[PDB]
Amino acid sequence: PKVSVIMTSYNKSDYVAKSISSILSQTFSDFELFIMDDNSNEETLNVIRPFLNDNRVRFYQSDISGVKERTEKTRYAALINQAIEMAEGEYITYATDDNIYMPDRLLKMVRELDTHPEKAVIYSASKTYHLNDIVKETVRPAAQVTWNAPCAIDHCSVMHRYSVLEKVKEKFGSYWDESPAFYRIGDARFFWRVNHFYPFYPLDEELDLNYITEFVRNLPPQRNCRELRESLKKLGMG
């Protein structure tokens, strides 16, 4: 396949079907979709089940259970790294069980990396609708090239060449950071790794959407956005 879409799922039965459907109806169809489920409850597995009949779906379910195992690592980062090791796409992109891709997202992102060989990482704008009908719309823009993506660009708004992954693992030992101190902002921590080597190039269109309408006590103190943004300003790549 040209694209590997990596989706993480854990217990969001009321949202996961719209997410999976938004990927399977993309106008660019040459992808494989990893559905990495972290041993979710039955209601969520029942929602996912019919979509496993789509031949592009690569479904993997962990055997994780209990607060020790759930807090040993940032679990979605461990599941993304597992899917990366199995990925066959030239371009890698990420999805979640409560985020929706707009229909032309893959086509537009694939075209921008095919047209510009000098760009290795691209990102689009993203929109969030708050409901209570809509009471508020939030947009994270994509207006400039940035060497400081942490907390500015979401998990679900990027696409990058597979070759980016090699530089990150050579420096850091893994792709995503499985430390549980980066559970709240694991996306920002992976983008911080990538920004040691590559800037993120903008595609100024809103291509992904979100709607908003004993575990926590066993994680360690969470590292925050300011930490990551200041370390990249000091690093001075841009």
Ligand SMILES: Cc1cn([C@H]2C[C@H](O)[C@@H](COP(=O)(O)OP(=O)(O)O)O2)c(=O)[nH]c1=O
Second form
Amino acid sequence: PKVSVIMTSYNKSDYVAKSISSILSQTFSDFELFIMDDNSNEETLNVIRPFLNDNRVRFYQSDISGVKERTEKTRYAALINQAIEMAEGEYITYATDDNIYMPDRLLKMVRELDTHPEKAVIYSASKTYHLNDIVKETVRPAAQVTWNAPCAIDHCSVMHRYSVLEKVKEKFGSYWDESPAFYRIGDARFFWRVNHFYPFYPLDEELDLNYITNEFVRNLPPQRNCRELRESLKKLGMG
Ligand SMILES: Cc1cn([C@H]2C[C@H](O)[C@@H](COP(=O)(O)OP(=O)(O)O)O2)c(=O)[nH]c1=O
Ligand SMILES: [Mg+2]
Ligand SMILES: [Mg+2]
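Switching conditions: you have the form solved without the named molecule, so give me the form solved in complex with the named molecule.
Now the complete complex, all chains and molecules, led by this one.
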């Protein structure tokens, strides 16, 4: 397939079907969908079950269990890295179990990369709907080419060439960073690595949406943050 879509899943039984269905109904159909479930509860697994009948879906479930294992690494990064190693697509893209793809997301993003060989990473605008019906509507625009993506661009808003992964792994030893010090902002850290080599090209359309209204947290290491990443890129001076 042209595109590999990598989705991570963990215990969002009330949202995951909408997410998966939004991917499977894309107008561009030439993709494989990795559903990397991190050993979710019964309810979640049962909502995911019927989707496994679509031949484009590649389902993998970890054996992760307990607070030690859940905090040993940034789980979704470990899962993404695993998917990346099995991927066949020329273009890579990400999804989560509570994010919805708009129907023409893949078509448009594929077309942008097919049409501009000079662009290696692209990003779209993203929208969030607040519920309480709708009360608030937020949009994260994509108006400029950026060498400083961390914390300005989300997980589910990007698509890139497989070749980018090559570069990143050559310099850093892995694709995404599994260190649990980057648990809250794993996508930002991956973007930080990419931004050592590639800028992010905008596609000014809203192509993904989010709907919104402890022993785990207490067992992570101290969490590094955005400023730290952004400041480090600002240095460097790639743009
Ligand atoms: C906590 C956890 C999350 N995940 C996945 C679920 C999500 O797809 C992804 C991001 O988690 P999520 O909790 O949705 O992050 P955010 O706070 O930004 O909404 O990580 C795992 O795969 N394993 C885990 O142990
Ligand atoms: Mg979320
Ligand atoms: Mg986030």
